[PDB]
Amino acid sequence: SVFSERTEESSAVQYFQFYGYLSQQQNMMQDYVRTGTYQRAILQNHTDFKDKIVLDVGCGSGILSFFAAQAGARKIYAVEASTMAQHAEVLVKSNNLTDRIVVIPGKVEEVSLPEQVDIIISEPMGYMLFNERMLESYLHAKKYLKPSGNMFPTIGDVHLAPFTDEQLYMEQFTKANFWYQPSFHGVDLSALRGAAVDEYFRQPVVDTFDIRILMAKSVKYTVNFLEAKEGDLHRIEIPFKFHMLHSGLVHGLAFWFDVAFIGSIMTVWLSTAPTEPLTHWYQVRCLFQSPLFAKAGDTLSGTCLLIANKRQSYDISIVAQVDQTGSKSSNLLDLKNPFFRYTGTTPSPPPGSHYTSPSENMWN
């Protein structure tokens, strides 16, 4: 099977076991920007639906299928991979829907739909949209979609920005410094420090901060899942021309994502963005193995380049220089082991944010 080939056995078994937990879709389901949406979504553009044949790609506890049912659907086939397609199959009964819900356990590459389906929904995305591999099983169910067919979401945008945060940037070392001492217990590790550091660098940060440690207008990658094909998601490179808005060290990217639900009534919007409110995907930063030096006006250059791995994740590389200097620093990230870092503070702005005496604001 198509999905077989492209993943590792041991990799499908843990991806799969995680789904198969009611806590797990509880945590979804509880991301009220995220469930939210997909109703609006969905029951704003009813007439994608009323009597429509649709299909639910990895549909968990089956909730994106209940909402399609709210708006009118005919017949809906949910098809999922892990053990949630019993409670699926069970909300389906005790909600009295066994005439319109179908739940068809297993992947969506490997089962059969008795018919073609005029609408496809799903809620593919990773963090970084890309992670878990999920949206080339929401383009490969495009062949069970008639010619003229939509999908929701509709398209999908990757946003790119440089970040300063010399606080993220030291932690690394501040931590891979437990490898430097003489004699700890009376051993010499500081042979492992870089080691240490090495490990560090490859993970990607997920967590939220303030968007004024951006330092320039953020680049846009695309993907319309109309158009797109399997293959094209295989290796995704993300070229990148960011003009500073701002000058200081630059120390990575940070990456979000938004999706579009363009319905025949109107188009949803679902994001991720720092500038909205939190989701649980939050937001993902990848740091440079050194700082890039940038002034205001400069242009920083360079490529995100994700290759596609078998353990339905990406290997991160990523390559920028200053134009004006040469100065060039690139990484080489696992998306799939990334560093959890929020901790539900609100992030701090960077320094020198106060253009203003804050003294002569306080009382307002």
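Numbering follows the first chain given and starts at 1. Superpose the two forms; the largest set of C-alphas matching within 1.5 Å is the rigid core. Compared with the form deposited in another entry:
- Among the candidates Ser183, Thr275, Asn96, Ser112, displacement between these two forms reaches 2 angstroms at the C-alpha for one position only, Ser183 (superposition on the rigid core).
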The other form holds:
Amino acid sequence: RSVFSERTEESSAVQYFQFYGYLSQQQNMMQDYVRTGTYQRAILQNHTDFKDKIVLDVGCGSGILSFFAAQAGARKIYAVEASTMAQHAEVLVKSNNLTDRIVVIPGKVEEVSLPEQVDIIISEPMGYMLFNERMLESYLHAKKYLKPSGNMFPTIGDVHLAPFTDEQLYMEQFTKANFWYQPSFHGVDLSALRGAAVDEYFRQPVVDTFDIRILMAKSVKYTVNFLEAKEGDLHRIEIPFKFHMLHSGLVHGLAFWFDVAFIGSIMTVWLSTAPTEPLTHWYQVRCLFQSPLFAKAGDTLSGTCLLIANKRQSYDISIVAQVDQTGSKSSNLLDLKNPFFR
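What's the form deposited in another entry like, now that we've got the form deposited in one PDB entry?
Next comes a single chain, given without company.
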């Protein structure tokens, strides 16, 4: 009956919260120094946004952001967490002698009761490609607990798209699919499945990093203002794009990354997963075209990236792109729920 369960299949949720119940996954996220250090800087350098304030930490995990809020002077922090990690967060609150200031509240943020409205919401809601996990909907849902002029850390998110050329990545995924081109694998003709194999492989977003030299145009930016967005905004995300090509060659797909900003009273602090910046546990994401497009420097590559949220806490991706000057058109569907970790 909760907003969460209406939009989420049980089996997806079971797996999701089992995964985040493990201390090893917490360690993996916490040891990303860019991630953890930038969150600490954003909070501590904006200490006036926390001094004597009431805070909500959405999906707190081990509790680390709540401890930063306490270091910054927060009067009271409600730390909401739906996995079994909530019990471990409690252990740390006791052992850091902060029971008077951090209150763990087990459950889904769409389902728990909070005793009061809060001045500021903090969270790490970003998934791969920003939107994976559909955790941004829970962060926005939590605004029901935000006082009128309250703040959100992070405050905004920028998704960046850019066209890329990477023949080796293309031929790797292409070579895999041509396994099913074989007419006599131990005497068995597999070729009738070649098309279905190519489809399956090229639907997989490629999660890994890459040199910026593969980017063929300045990135296009789609911005979510978390102070203003509603959950429903994220069920169907339409991102138009028009790229002015800076290099001639084959376009093998689009690359995705994101930035978020903590717009504080004292300063704005940015956390970037761009390929120009040190690697993070978010890496970067690339959606391959099944057939590359040829473009000349100075051509425009235009189209639309459509993200449709699904009940597996992820998105179906539709990318339609064309070279305006020639009319070369490519349409592509990808399943962010089955990424290829390269």
